[PDB]
Structure formats: structure tokens, C-alpha cells
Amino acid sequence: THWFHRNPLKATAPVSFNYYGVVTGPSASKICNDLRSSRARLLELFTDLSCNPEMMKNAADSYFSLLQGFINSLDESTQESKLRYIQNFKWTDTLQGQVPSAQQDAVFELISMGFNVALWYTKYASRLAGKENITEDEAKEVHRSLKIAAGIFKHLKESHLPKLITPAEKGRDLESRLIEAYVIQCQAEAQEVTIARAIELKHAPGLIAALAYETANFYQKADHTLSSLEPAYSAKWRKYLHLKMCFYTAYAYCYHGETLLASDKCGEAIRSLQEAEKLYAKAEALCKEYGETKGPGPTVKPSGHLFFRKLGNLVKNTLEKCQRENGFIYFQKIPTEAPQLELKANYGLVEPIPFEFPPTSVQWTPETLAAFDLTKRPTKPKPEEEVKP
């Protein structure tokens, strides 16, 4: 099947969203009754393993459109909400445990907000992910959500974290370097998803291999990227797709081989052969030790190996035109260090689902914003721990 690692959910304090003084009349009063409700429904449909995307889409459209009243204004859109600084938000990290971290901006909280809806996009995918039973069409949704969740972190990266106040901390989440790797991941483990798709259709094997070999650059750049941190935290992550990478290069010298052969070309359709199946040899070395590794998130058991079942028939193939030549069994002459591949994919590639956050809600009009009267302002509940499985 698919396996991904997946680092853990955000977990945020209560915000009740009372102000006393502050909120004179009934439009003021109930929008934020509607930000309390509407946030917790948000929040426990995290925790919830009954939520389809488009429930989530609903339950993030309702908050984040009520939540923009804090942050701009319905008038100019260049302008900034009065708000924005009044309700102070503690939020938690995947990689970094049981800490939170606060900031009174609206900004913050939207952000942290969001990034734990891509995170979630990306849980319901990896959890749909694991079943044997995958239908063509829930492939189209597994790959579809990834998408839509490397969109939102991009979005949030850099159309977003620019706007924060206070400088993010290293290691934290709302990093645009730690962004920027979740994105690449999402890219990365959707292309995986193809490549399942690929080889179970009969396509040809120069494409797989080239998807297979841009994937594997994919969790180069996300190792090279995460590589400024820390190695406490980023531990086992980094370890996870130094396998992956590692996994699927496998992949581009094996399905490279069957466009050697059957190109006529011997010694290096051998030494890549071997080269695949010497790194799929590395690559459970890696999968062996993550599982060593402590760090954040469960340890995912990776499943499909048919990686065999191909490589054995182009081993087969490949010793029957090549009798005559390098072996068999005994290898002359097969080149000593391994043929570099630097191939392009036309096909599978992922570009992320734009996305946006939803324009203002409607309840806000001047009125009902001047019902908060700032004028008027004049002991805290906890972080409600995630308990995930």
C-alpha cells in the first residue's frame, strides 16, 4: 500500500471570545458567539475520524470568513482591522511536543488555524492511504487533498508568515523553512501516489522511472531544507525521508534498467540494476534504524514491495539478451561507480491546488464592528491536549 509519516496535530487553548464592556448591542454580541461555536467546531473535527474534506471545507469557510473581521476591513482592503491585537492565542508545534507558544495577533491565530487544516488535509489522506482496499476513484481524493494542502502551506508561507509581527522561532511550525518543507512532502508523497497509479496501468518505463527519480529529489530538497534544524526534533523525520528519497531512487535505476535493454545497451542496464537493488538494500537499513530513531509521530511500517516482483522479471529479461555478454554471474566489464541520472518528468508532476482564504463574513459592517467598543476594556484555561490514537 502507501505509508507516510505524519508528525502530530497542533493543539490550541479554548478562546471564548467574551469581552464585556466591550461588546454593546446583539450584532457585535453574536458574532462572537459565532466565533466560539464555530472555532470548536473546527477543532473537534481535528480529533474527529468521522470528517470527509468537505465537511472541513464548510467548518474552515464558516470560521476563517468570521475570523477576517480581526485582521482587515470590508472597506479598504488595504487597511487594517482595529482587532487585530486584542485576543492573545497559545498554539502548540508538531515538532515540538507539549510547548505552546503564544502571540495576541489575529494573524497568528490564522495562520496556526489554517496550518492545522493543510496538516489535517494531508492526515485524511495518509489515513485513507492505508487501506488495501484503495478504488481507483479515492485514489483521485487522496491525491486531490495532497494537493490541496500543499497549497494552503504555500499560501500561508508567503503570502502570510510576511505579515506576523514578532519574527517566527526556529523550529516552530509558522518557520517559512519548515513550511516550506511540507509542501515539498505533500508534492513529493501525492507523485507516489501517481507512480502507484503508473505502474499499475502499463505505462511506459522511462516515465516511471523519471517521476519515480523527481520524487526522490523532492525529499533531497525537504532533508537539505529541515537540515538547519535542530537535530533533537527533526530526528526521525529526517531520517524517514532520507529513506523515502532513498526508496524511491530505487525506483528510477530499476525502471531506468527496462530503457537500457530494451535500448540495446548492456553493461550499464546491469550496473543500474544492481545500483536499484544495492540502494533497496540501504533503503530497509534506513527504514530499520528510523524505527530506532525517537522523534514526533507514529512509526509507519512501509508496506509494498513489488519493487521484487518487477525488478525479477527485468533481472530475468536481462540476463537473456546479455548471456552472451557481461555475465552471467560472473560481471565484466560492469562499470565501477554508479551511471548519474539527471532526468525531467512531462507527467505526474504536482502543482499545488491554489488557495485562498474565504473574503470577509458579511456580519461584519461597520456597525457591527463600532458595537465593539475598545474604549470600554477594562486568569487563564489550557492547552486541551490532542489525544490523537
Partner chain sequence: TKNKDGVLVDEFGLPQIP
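Under this definition, the rigid core comprises the largest set of C-alpha atoms superposing within 1.5 Å between the forms. Positions refer to the first chain, counted from 1. What changes on going to the form solved without its partner chain:
The residue that stands out in 159, 104, 317, 274 is 317, the single one whose Cα moves by 2 angstroms or more between these two forms on a rigid core fit. In the core-superposed comparison between these two forms, the C-alpha atom of residue 86 has shifted by less than 2 angstroms.
For residue 263, a C-alpha deviation below 2 angstroms is recorded between these two forms after rigid-core alignment. Core-superposed comparison between these two forms: the CA of residue 340 stays below a 2 Å shift.
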Second form
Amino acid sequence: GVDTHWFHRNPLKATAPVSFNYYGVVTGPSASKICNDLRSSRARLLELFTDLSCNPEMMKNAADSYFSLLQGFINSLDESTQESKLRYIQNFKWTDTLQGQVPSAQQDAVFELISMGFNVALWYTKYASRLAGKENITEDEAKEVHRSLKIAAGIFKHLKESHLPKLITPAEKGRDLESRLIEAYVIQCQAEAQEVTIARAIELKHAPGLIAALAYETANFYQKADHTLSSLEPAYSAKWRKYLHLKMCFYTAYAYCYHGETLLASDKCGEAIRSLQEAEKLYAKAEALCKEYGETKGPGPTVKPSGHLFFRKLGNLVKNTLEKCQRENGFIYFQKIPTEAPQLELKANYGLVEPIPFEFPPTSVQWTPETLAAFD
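Rather than the form deposited with its partner chain bound that you just supplied, could I have the structure of the form solved without its partner chain?
All you get below is the one chain by itself.
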């Protein structure tokens, strides 16, 4: 009843386990305790990423618990112009979504806050894609897919705007913390969330003009994400870019389809037919890209999306809508079919997805000047 969606996913990030043991540096019960609490809250959060029973409430509770403690290594307790003396005490090491098994490390607690935050965002995108793929998916689950993607978008955007600029040592090219990847993730999250919007708008029976505009803006996001990545080495970006390009073509086909409905409703049947013919072309291009995606090596599972329900449903809509327009033209309108496809310049008046703003929790109250003093 509610439609499924297929979202390509790169792998979650992995990290070296961290004991938070500073040996002689740390003295006394409270600093020792806070180190134990850092160790166990980090471990609990990491375990959740692969725990199939995890839901957003659990994730948010675990994330808040760890991030509030970790921030004692970052934030000053008494001045927004100052920083924790502990920022550089611990080396943290992480793999990256496109880099396979080759990790990278920094001795900077901000690098950890951002890397782990990035994995929390990825978790929300994977919870969304897992729900979106269920043949039995419900209305509440669709709402959760949409919300989770917007939450992820807001986390990635917050990291990019407010935390990445703090790193005195930048991430190397191709890594999640460089300029290009994180921006592509923000955009992709918006585009994916907007697919769900389009399905809901259709279900809620909105005008085809709104549907077409949302489809067009969705295609535009996917195109923009694709371009954002296009300067990366093809070896590790090609598969992801095939997905983005495939979705761009797909939603452009959607746009031409609903734009055809709008034209037909305006009694321009000839133009509607030409719009649907362009939808056929874009749809065929998307099918070709799906085959290429299925043949392209890179991060994530081998997949063949042209066989998926989402894909085949659009194919049927295009075919049926085109046939409808042809019948209208033959019985009712008798209009010439223009030679050139319409130039789409559609702007959605409603429904455009924006990230849900994210902020980290405040520094844990476990951090006190006495506790801080016990690190020497």
C-alpha cells in the first residue's frame, strides 16, 4: 500500500577500540570513573550501530550519553572562547565510507566527535533504508523513513558547518571528513527523503503540477550530489555516482510523466504526449544505468535495482500514462505532437525537504573542575 524505496548504502565506519586509560596521568576516583564512563558509553554506542533491534530512541539516548562525556575533552567548562586541555590526549582511528578497510587517525577529540557523529548520521540513513525496503512497510514507518533521513541530513550539515572547520589537521582526499563527501551526503539525504514525500503527495491526491515539481527538484538534488562527487577518483566513487545518476534519470522521468498530466489537464494533449515520450527516454536511460550499477565494483553490496518494485512501478506508470494521452489525442484532441521535449523549469511550492537542525548535547555535568584537575 505504502511503496518501498531502494537507497544505495556505503558501509558504516569502523574504529579502533579505545580504553580511555591514561595510566599515571589520571589520579583519583572521579577522573578514573569518568574514564570508565567514556569507555563504556563509547562501546555501547558502537555496539548499537549493528544491532538490528536499535531504534531512534535508543540511538539518541546512547549518542547523547557518549557525546556529553566526550565533550569534556573539547569544551571549556567556563568559557566559550576557551577549549578543554584534554583535546589532544587521545589518538582516534576510523575507517571511511569509500576507502574500504584503510583507516586514518588523528590525535584530536574533535576528529572523534565528528567521526562518530558521522556514523550516527549514517545509522539513521541505514535505519531509513532498512524500513523503506520492507514489502509490508506501514504509514508510520514511511514517516519514520522521512524523519530519519532529515535527521541524518541535519547531523551531516551541522558537522560540516560547525565542526569540520575546527580541525587543524584536515581529512585527506576521499575521506568522509573532506569537503566533497559530507556535502554529497547532506544532499543525498534530502533527495531520498523527498522520494518519500513524492509518494505521499501522490497518495494524498495532490495536483500533478506539485508532484512533477517535487520530482524535478528531487532529480536536481541527485544531480547536484553526483556533481559534488564528480572530481573524486573514479575507482572509489564510480558506483555511488552510478546510483545518484540512475536516481536523477529516474526522477526526471517521473517529472516528465506528471508534467504530462498537467499538460493534458490544460487540454494540451499534443504537448503531454511529447512530455511522456521524453519520460520514456529518461526511463530507458535509468534502466541502462541500473545495469551499469549492477556491474560496477565499489563500496556496498552488489545490487540490481532495475528488478526492484520502485523501478518497475515507474515503468508501468509511464507506459499507461503515455497510452492514455495517445487515446485522448486520437479521440478528443487531434493535436500535433511537438518535435522537442518541453524544457522543465518547475519549482515546488510545497513539500521541499529541509534538514532537521542538529546540535550535540551540553557537556556532561560529570565534568567538574575537580575532575579535570585530576588529569595531570
